[PDB]
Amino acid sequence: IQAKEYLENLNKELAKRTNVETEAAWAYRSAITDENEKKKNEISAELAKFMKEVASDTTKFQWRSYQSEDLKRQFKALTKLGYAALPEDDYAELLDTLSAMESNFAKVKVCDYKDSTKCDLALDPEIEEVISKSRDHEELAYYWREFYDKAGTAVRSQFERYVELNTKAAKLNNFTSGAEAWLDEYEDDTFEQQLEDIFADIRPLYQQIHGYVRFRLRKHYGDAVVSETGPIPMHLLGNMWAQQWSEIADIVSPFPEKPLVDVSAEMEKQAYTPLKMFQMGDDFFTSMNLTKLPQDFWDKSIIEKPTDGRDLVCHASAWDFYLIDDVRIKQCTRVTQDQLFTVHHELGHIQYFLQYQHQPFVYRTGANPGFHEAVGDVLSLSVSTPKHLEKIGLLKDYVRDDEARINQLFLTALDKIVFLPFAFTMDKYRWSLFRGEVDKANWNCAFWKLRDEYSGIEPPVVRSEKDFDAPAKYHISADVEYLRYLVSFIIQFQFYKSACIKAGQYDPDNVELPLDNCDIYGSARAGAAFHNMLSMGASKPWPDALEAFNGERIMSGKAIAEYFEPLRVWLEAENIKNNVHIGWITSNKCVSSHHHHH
């Protein structure tokens, strides 16, 4: 009484149809006009009805008792509607309040702190450039206050209706709330606890970095600016969301006299262009016997920020068009070291799309959202090593010293370790909303006390419940689950650890092969494992995807630690030599107003 024939035909129709939706989403995010927005939401609306209409057809085929579970896996998968279980009126209203946040974020503009006439700097070039190169706390605060008021506050209404709808659509699909809805993606009833245990294990490591980073800032910026024992005024951390601090390694690194790998300047002097960066990114993959970027990629991709007065979404991303070889990336690439890692990250997504094209539509996605983010990140870890950067000439003369080693792990610490708690709070925050755990009157402080609790970070200026900051973060505004990044930073080190071993680069004993200096570039057995894994495409629960890569079947934090071990035992000692304060007392940055004028 097969249903295989039905699923085959179905996926082909879903694929054919999601292609049309993707083209509008893409046209829109490349040129933000009302027409494209309307069409975009229009495709999503037609599809939503087709889904409902297919949700009721499966009543026919009673899969909840079938034989082969590959087929029965597909049914549980497609029957699971998302925001489509939502009645027609709400759905269009969701597409809308959602559209309102997304466009609001992308259209933000502020005026130079030094020219109230310009008012045309965006978050991509200008503003993010300032928060990363400026060492004027007053100016940095300026850009923080201006961006948060526009990208966050301006959209509390949309955001509120979203949470209410997001929750409604959750219960219509039998989930307790959107919170458990996202977690279903990891297919493991104890995933939140697994993720709580690992954070608990690295937390001590996080504060040996935190307190230290707080020891230099207060030394650099001054007592009055950065206090001891108090949470670090974000905005001095070089990142608008302080999710990553590497941008301030020129005033925070362990050994300023020794080298600080910052290949940005060399790329620039060497006539580097986004295209070249993409080609380099493409070689790394082919070098591992992995799939090369198809011809549609170089034709249909946007690797440079448009030069017309257009408004677009330029938060780097990778698109699967659901055909054969139609993969493209949209990025406002700039020639800097961070962008080079981002390029690879994105390519990571592209490798994944290519690796699993042949899979039934329902499986043309990652094994749990985490794997999708990690792929490219494993490669970026290699192009970040003095080893590989020397091999491509982006690092002239460099001596591994010993303390030059401390300036590399620590860097990767202001990126890979610092993030873990940030990424956790993002969803931990949206979860507590999805789950009616927080009252509307406490929505903005629930966010900061949570940024305080886990990261020891606070706004540069006082904020109150009148403001609404969570939306200043792209993923909050664009409705993108975030737990994916946190698992990705955990499991990407497991992938990387094994990949380097499957290659002759890492041996727990051989001291001439430290796990923080293996390149895996041009490694066939490494790509081959990446093939057994990526080719599966959500065809099996994530434990098997992992197993196919290295035989292990459990998510763990043994990787990161084993990587940053030489660094960890450098802080507990250095932080005692400079007599550095660990931990912080609660914040006073959230309140409910106060004025000095009648």
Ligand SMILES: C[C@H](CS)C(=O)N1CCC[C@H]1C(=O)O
The other form holds:
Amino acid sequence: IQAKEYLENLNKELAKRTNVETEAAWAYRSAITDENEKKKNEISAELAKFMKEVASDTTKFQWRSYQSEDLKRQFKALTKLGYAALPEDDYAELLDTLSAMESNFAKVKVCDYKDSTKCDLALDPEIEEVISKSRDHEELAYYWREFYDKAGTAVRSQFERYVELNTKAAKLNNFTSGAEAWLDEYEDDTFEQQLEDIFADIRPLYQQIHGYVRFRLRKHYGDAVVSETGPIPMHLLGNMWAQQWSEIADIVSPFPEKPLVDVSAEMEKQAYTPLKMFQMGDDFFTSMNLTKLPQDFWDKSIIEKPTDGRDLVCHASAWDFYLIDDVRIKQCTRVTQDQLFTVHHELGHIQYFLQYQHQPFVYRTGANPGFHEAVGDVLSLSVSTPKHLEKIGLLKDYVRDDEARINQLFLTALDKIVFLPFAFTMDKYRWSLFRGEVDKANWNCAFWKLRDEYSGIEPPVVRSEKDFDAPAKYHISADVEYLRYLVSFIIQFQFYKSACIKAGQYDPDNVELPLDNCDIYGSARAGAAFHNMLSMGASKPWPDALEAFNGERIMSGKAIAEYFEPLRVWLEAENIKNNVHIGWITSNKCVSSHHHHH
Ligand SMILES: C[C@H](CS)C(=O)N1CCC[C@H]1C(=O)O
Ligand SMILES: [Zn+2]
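The form solved in complex with this ligand is what I want next, because the block you gave corresponds to the form solved without this ligand; please supply it.
Every chain and every other molecule in the complex is listed next, the one we just looked at coming first.
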């Protein structure tokens, strides 16, 4: 019998019913009120029951024996019930606990280090600016400590029941745990190992940047503050979680003398605005014959932090309302070079949305979560190059010295190479929890030992099992899988390298056309490749989506390394010239107790 009629009917409903859920999720996250929180959870509970019933109806159709896939593909996916598999009581309890951590994160406020009266400083604007600009280790320590105690510790209990229900829901779907359930999204039994492999190839590179940054930081802050051979004290790497270090390029770039690609201040001087930035981002896509932003986007998107005293979630995000042309972004945008990439990052999501609207709801997602987080980053890479920044006048007079090129790759290494091990630890940690590998009595150290092993970083002050820091990371609090980023930072280079080749910008043979300097801006063959891939949306396992992009079907490290080759070689020499220590000894920042009040 034909269920193509069934599925078509059903997807159309799901897309209708998810629309409702999406408007409540979006109202909440634009204005955190209990009422909005209640409506939001209400809708999901409702949707959850529909799914349960929709799931039992499919027992009618024995698709495990059907003929054509796609159809046979839509059932395997529509019957994979996530948290909705949980009985009524638990699903609701999960939503509550899930709401608790999300709003706790977003509602954090600390008191200004030099004015204990204020206490209205928030993470997005204020704190992120301090961690990023201050050069007083004691002040960055203050803000580190103040933020991790509120954002992580305060929500340890909820986080524990979250893992419990997460696990419960995963066994309810025939998965080993929540861990193996996330991995399933990549449809490949050897995925984790492929990633463990690639990380190994780039690690050596990671351990040359590490010792170097540590060299300057220690030269700048001093021996007493940063020690040689020891892991790098966070709070000093310019990022609350140390996932990216570009913010401290003013003190660790090898050539601050040679032009620094810091368009950030030339932006502010030119009166750049959030709106202008989105429009610039709209341009790149249309330049590539990609789809232009629809009218609902400019009408509904929130692109600047609301000015009232209301609470909201401001960790940038893009929304697919599952209709036709109703896509919106919510960003607390600021005029700075990092935010500029972010806009593009977000538009990468929007693009994908538009690219697969026609697809049956079930397939309206990304081929492999990795693909979703990479689109917009590929354009960002182009925008970051001297070529494209001069072309738009955000870099007046610039000379490609040679040692100016080193900066152009080094400033990129702090966000792209450096990130690889951070994102890997994020899920390795949550995987070890989902799997019963760790004892609740060691939950907070496993996280730090893990930040130690892979990143060589440690907290500003001693923490203990009394604290719980993992939740200080938005995604841990909001339950958002993180492996998608690791995969993105790898393959986004695979995309970029092919785009530039299809575009007349990259030639491996001769020079004058180096990978780190193509712009693909205005490239039609590029957007073309980007259309064959995006338009598919989950309709096929990812090896097929990629193959639609460049004929290849494998994920590899042959992209970042080739891109950062000139940097890697420049460092080895430099590290011997300065006698720079490589590698680090285990950390002494995870313990338990100890006070001097007798
Ligand atoms: C806003 C995006 C997701 S749409 C995000 O969370 N990113 C982008 C890069 C890293 C990571 C982060 O902020 O931790
Ligand atoms: Zn994203």
